[PDB]
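All protein chains but one are shown at their positions in the complex.
Chain naming follows the written order as A, B and C, and within any one chain the residues start at number 1.
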Amino acid sequence: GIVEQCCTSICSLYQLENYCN
Amino acid sequence: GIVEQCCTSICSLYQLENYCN
Amino acid sequence: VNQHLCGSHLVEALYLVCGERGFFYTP
Partner (left out) sequence: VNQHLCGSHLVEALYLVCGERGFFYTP
């Protein structure tokens, strides 16, 4: 999920937008 | 500049993109 | 510079890029 993608790893703007709404 | 807009105040994605490149 | 986005910093990043879309979890 978001934690693995953006906290443990580094995530892009596009990935992060996946998690909006 | 960016500090006044995004640090002192709160800036939007659109404002922040102003400062890329 | 730390490029990881954790906790409150991850919340702010979502604030920033979700804009008026919003995101979970904002009660």
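Going forward, a residue touches a chain if its C-beta (ideal position, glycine included) is under 8 Å from a C-beta of that chain, and two chains touch if they have at least 3 such contacts.
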{"item": "Touch list for chain B against the chain that is not drawn", "value": "2-3, 6-11, 13, 16-17, 19-21"}
{"item": "Absent chain, residues of chain A that touch it", "value": "12-13, 16"}
{"item": "Contact set of chain C toward the excluded chain (per top definition)", "value": "1-3, 5, 8-9, 11-13, 15-17"}
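Keep this in mind: only the chains that are shown with their structure count from here on.
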{"item": "Distance from the mean Cα position of chain B to that of chain A, given in whole angstrom", "value": "21"}
{"item": "Euclidean distance of C-alpha centroids - chain A vs chain C, Å", "value": "9"}
{"item": "Touching two or more other chains - residues of chain C", "value": "17"}
{"item": "Shared interface positions of chain A, touching two or more other chains", "value": "none"}
